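One chain comes next, on its own, written as structure tokens: the form solved without the partner chain.
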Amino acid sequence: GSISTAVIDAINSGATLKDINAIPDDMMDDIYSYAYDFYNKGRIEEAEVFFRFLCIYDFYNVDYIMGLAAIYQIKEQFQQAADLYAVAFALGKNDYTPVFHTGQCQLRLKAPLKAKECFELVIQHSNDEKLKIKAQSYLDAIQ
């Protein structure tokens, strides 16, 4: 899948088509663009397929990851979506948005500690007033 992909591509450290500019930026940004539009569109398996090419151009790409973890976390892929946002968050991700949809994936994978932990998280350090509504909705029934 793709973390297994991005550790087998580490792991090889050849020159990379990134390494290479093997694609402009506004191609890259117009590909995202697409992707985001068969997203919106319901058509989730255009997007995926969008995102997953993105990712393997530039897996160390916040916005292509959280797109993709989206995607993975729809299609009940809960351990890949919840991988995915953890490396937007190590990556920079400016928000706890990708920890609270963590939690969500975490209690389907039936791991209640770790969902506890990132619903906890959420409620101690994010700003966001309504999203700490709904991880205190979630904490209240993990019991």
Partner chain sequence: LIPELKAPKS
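If you superpose the two forms and keep the largest set of C-alpha atoms that fall within 1.5 Å, you have the rigid core. Positions refer to the first chain, counted from 1. First, how it differs from the form solved in complex with the partner chain.
- When two forms of a protein are overlaid on their rigid core, residues whose CA moves 2 Å or more are considered shifted, and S126 is not one of them between the two forms.
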Second form
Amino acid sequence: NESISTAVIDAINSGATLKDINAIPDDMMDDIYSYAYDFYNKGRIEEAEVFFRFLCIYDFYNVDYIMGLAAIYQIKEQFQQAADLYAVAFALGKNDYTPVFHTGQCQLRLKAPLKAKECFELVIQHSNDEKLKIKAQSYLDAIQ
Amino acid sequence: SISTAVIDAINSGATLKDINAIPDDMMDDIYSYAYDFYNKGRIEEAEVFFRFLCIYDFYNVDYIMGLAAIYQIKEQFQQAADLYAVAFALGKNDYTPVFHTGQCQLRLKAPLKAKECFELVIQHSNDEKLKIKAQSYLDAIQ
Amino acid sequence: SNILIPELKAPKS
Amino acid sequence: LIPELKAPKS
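Please show me the structure of the same protein in the form solved in complex with the partner chain, now that we have looked at it in the form solved without the partner chain.
Every chain and every other molecule in the complex is listed next, the one we just looked at coming first.
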């Protein structure tokens, strides 16, 4: 079985295309991230939306960027777009069940309680986040 | 890249999907995302998904095909051809990966290997529409 | 309908 | 209601 496994991995582990950030050094990204964050927590959503989009354009693979932009679309009730990014964060970010919990929130709002139900159940089987599991059973219970 | 719980999946023989108890219905939904984004030309997202799916299940021919199609579209012809070689070993009688390998070989400046791919298609495929293009490329290669 | 765009298996319908 | 972002500082 082993050389199929590694042939696959070898091909992906060279298909790593760019890291996106066009030699515009790291801790600079951080500062932009920090205002996006400060704009967001402050409720200046239009600015926070520009900053996160700008960061996601620069580095599509950073889960925090994707999660910030997804959170904005969520707050804006652009729920399909939020859920689309949360699926991306999930596929990038692989451990955390947060984007799956937030997708349940989105699917609820997209009139698909069935999908929503599956999300919160997944969080319940796989999360080890106590708080998140509570929230997730709460939603689950509420839509029975 | 980062997470080499991929090295454990390898020697032990399992897939990361199994190792992490990911539901089939979940994998299928990530697949549908990967498929839709791809058909929609949203190639950066589709690549994120197909990459995830290939990492979580290196034995899924459909995942391997998706990622190799993405690399073909992005002109990463060497990576596409390496994945098609794997997809062919897995599906081991679908000639679509062999055809698309012929297309990659042509772009890699290897018209002779491209020709033998296309010949292999004509010699063994039962797919008519695939043979038709294989035979066109073979005629065009002189 | 382009030959340079592979056509992927449709998700299980 | 409002999702909770990871706090800055790398």
